[PDB]
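Generate the whole structure from the sequences, applying the supplied hints.
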Amino acid sequence: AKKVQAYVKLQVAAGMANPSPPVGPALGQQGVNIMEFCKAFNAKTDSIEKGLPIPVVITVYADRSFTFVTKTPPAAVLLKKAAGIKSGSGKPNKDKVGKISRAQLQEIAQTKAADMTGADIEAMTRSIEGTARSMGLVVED
Amino acid sequence: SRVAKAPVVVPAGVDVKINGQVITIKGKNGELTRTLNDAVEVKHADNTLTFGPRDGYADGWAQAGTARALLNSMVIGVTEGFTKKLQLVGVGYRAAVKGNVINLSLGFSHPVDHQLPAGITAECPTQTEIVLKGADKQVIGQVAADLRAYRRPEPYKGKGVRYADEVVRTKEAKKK
Amino acid sequence: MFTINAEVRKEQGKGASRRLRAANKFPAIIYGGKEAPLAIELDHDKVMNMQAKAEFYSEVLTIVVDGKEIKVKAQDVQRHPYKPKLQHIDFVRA
Amino acid sequence: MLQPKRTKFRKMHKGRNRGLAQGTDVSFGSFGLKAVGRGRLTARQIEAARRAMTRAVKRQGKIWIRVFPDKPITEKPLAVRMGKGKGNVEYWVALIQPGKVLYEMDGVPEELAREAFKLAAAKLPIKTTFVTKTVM
Amino acid sequence: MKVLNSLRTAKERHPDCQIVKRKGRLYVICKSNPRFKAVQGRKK
RNA sequence: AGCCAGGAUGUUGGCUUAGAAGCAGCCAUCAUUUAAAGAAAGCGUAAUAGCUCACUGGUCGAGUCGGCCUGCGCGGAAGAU
Ligand SMILES: [Mg+2]
Ligand SMILES: [Mg+2]
Numbered sequence: 002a003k004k005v006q007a008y009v010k011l012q013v014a015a016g017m018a019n020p021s022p023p024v025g026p027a028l029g030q031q032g033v034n035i036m037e038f039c040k041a042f043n044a045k046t047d048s049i050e051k052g053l054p055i056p057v058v059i060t061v062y063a064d065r066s067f068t069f070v071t072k073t074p075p076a077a078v079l080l081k082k083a084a085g086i087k088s089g090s091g092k093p094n095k096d097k098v099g100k101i102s103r104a105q106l107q108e109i110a111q112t113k114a115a116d117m118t119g120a121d122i123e124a125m126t127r128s129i130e131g132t133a134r135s136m137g138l139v140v141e142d
Numbered sequence: 002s003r004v005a006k007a008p009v010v011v012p013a014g015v016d017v018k019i020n021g022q023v024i025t026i027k028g029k030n031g032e033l034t035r036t037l038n039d040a041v042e043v044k045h046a047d048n049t050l051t052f053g054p055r056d057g058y059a060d061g062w063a064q065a066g067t068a069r070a071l072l073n074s075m076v077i078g079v080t081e082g083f084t085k086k087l088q089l090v091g092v093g094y095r096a097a098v099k100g101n102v103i104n105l106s107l108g109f110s111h112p113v114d115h116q117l118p119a120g121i122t123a124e125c126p127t128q129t130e131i132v133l134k135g136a137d138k139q140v141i142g143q144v145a146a147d148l149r150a151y152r153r154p155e156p157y158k159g160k161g162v163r164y165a166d167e168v169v170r171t172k173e174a175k176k177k
Numbered sequence: 001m002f003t004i005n006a007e008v009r010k011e012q013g014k015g016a017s018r019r020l021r022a023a024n025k026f027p028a029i030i031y032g033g034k035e036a037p038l039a040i041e042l043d044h045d046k047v048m049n050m051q052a053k054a055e056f057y058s059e060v061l062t063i064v065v066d067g068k069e070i071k072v073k074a075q076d077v078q079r080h081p082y083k084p085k086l087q088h089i090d091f092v093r094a
Numbered sequence: 001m002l003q004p005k006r007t008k009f010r011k012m013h014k015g016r017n018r019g020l021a022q023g024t025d026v027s028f029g030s031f032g033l034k035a036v037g038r039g040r041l042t043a044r045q046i047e048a049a050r051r052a053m054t055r056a057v058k059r060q061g062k063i064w065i066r067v068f069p070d071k072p073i074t075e076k077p078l079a080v081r082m083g084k085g086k087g088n089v090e091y092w093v094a095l096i097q098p099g100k101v102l103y104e105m106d107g108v109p110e111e112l113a114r115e116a117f118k119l120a121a122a123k124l125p126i127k128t129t130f131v132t133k134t135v136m
Numbered sequence: 001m002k003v004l005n006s007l008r009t010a011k012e013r014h015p016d017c018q019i020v021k022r023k024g025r026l027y028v029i030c031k032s033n034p035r036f037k038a039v040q041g042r043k044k
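Chains as they are written, first to last, in UniProt numbering: chain A, 2 to 142; chain B, 2 to 177; chain C, 1 to 94; chain D, 1 to 136; chain E, 1 to 44.
Since the hints were derived computationally from the structure, they do not count as laboratory data. Treat the hints with care, as some may be off.
Listed next, the in silico SDA-like pairs over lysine to any residue satisfying Cα-Cα at most 25 Å (straight line) [what the hints assert, rightly or not]:
1) C:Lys83 <-> D:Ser27
2) E:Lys2 <-> B:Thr171
3) E:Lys43 <-> E:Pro15
4) C:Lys14 <-> C:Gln75
5) B:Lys175 <-> E:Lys31
6) C:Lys85 <-> D:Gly39
7) B:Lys176 <-> E:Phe36
This is the structure we're talking about:
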């Protein structure tokens, strides 16, 4: 795509839509009106869910505020809810912190045929797994 | 060496006088004269200047490779001339042109003046923009050291006289 | 497969061999089977590099000495005490 | 600190350090650190140099120490009149002649052994060099 | 700038180091990061 | 060796997670669009951040590189009528 005008991502799982203690100014030090955080996020995030951590983009214009677009949950956060332990790594491959499988993973990788760089259904099966592996994973398909 | 192996071009207008090891190359913007090191051979004929060694002088290729980069620059200077660029940065810093005297007011109790050498003259567009124009390249860098040495770039506010090809890296005002 | 060019020694003992090494050569010897030992003198630089590939110590080498050919194998080697060179080598007519 | 556990005698004639070395090929590992200059190694030097290589290789790779103090060094302290008996044993040294393999190593790649044995050479009082196992 | 009699550790700290001669001694410039600046020697 | 730019993604990698996004941490060292590209060596700390960078491609056109056997010399090398 095109050149940069400040677009990154600062937030955790959807526990707060416009939070004070979590991020602070750092998300509204530029042109980010901390109001659109809930007045755009809720205005649009009540369409997929408001409970997984999603990283988004940021678009500030010379006019008023910004429009951000989401798209897919992070691969690593997916393992806390339904795969293994409560947080993830912590103590990775010293012991055997679990046994997921290729099956559980794919339903949240194939569904990403645009935001997941890859014209190969197969790649997502192992690429999303790439995020999910450092947390000490034995693959038992 | 590899510089030395590539000769220099002499287009029209150029003059080339080779009295042994004395050289006078003149064009449309000067009469640049230089005493050539003994251990060199700038030869003529054709429309070129080969730079070789002379038997009995040790280094030679380093010496004739220097004449290459020297006469190279000379031939450019007597046609197109050289231009450096000192942009001023740091408040209360004047720059104006009173002929061939540069007006500097760089935060001191005394505005410093600088008289320009021979063919190296110069001017100003504004109070933060200096631009010199000359023939010799050994001298514009020299004038640039004099003009620059007066007020060097302080590295905390990037203040002072700086080149325009200049990288003014800064660091943080300590801690606590 | 390696072929070493050698000349026969005209002297022997410590003086000549230190003089040989002073002359950037070094002695070696060929013995074995029914025939008599053969005192030889070798060019130093050539054998140093050869024996830097394991093949030297397990293959049949060919010594060319006065334009003939003696088939031998390396059997023992004296190396310089602390420099990368050679003081002497044994070859056996095996 | 390496030291003989017991010896027949406490004290020893000065003796000399003539001749060439016997330990001249790498006989246990794949790479070696060899003595070039001539001299005496104190037990404290050998220990300081042994540490340097073990810092560098983590708890990986095995190391052999081919030299051993064995020789007691005596000294008379300050403010003592000459004569009146041989000094007290203060520390222990090994006599080194050029060519002695001092240290060997095997279990790391050659490039790392040279680096690891090198971070030791600055601890030794004699010049040294890196040597390798050799076929035959 | 410090002295030291061993530039083997100077020339590798930052990439912008090269070592020159200059006078009788042997200097180690770095007009990129002037912290990493070494000399090798005294005088007369 | 110069120089053109590329140096894009799984990805704040999860992580004791105060902001840790390579980026003061814990460990791991997967695999993604490929000529390339590390869950990364660094300027940096509110955090992306920015640019060189590790890697290749277009260009340049006959050599480059530094270890052996060694002769000689340079640095290290400051004292008092
Ligand atoms: Mg004798
Ligand atoms: Mg001087």
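For each hint, the structure was consulted:
1. C:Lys83 <-> D:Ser27: The hint holds at about 17 Å.
2. E:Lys2 <-> B:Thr171: The hint holds at about 23 Å.
3. E:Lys43 <-> E:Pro15: Roughly 28 Å separates the two Cα atoms, so the pair is violated.
4. C:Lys14 <-> C:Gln75: 21 Å, holds
5. B:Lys175 <-> E:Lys31: 22 Å, holds
6. C:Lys85 <-> D:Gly39: 23 Å, holds
7. B:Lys176 <-> E:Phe36: 22 Å, holds
Violated hint for the displayed structure: number 3, the only one.
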